[PDB]
Amino acid sequence: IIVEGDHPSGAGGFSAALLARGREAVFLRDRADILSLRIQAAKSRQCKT
Amino acid sequence: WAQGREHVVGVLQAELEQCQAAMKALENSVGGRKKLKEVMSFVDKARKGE
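Residue numbers (this note's numbering), protein chains in the order written: chain A, 1 to 49; chain B, 101 to 150.
Derived by calculation from the structure, the hints in this document are not laboratory data. Even for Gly, the Cβ is constructed at its ideal location relative to N, Cα and C. It cannot be assumed that every hint is accurate.
Said to hold, decoys possible - Taking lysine to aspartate or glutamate and the DMTMM-like style, the derived pairs with C-alpha atoms no more than 25 angstroms apart in a straight line are:
1) B:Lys135 x B:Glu117
2) B:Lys148 x A:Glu24
3) B:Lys134 x A:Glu24
4) B:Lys137 x A:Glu24
5) B:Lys135 x A:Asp6
6) B:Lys137 x B:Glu127
7) B:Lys134 x A:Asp33
8) B:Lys135 x A:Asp33
9) B:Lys137 x A:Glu4
10) B:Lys134 x B:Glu117
11) B:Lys137 x A:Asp6
12) B:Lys134 x B:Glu106
As the list claims (entries may be wrong) - Counterexamples of contact, computed for chain B against chain A with all Cβ distances above 10 angstroms:
13) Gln103
14) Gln120
15) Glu127
16) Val130
17) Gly132
Claimed, not checked - Which chain B residues face chain A? A few, computed with CB under 10 angstroms, are given here:
18) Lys124
19) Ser129
20) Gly131
21) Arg133
22) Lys134
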């Protein structure tokens with residue numbers, strides 16, 4: 001999907017603040033996944049040596 | 101007067117059907133009904149003094 005907006009007010013029925021909160025939510029999601037992945041890696045066998 | 105009544109019913113109801121079709125298309129276009137309800141809350145807010 002495309003929106004072509006520099007500051008989108010309403011797209012798919014979402015407010016300007018709701019979009020910002022959604023981007024913040026995606027950033028937090030990705031950072032959480034990366035963090036858990038690096039925890040599993042720090043507990044991995046390959047990092048013991 | 102009766103002529104006007106029968107003609108008015110059809111003209112008015114056609115205008116209504118145009119309105120409802122446009123509303124549902126607006127909901128499906130914007131996304132969820134509740135999102136359009138939120139923007140409706142904001143526009144009603146700007147319509148009052150709030």
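| message | So if I understand the rule, the pair passes when the alpha-carbon distance is 25 angstroms or less; does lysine 137 (chain B) with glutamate 4 (chain A) pass? | response | holds (24 angstroms)
| query | Hint check: is the beta carbon of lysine 134 (chain B) less than 10 angstroms from a beta carbon of chain A? | reply | Interface hint status for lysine 134 (chain B): holds (8 angstroms vs cutoff 10 angstroms).
| message | Please verify whether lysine 134 (chain B) and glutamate 24 (chain A) have alpha carbons no more than 25 angstroms apart. | response | holds (21 angstroms)
| message | Check whether the Cα positions of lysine 134 (chain B) and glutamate 117 (chain B) lie no farther apart than 25 angstroms. | response | holds (22 angstroms)
| message | Please verify whether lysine 135 (chain B) and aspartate 6 (chain A) have alpha carbons no more than 25 angstroms apart. | response | holds (20 angstroms)
| query | Does the no-contact call for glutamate 127 (chain B) survive, Cβ to all of chain A over 10 angstroms? | reply | violated (8 angstroms)
| task | Against chain A, run the beta carbon of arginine 133 (chain B) and see if the smallest gap drops under 10 angstroms. | result | For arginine 133 (chain B), the interface hint holds, since the closest Cβ of chain A sits about 8 angstroms away, which is under 10 angstroms.
| query | Between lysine 137 (chain B) and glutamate 127 (chain B), is the straight-line Cα distance small enough, at 25 angstroms or below? | reply | The given pair, whose Cα atoms are some 9 angstroms apart, holds under the 25 angstroms limit.
| request: Double-check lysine 124 (chain B) for me: the hint is only fine if its C-beta lies closer than 10 angstroms to a C-beta in chain A. | output: violated (13 angstroms)
| Has the given pair, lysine 148 (chain B) with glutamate 24 (chain A), been kept, meaning a C-alpha gap of at most 25 angstroms? | The hint is violated at about 31 angstroms.
| Given the hinted pair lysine 135 (chain B) and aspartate 33 (chain A), is their alpha-carbon gap at most 25 angstroms? | Violated, at about 29 angstroms.
| task | With a cut-off of 25 angstroms on the C-alpha distance, tell me whether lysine 135 (chain B) and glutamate 117 (chain B) pass. | result | Holds: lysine 135 (chain B) and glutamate 117 (chain B) sit about 23 angstroms apart, inside 25 angstroms.
In terms of the numbered hints stated before, the structure departs from hints 2, 7, 8, 12, 15, 16, 17 and 18, listed from lowest to highest.
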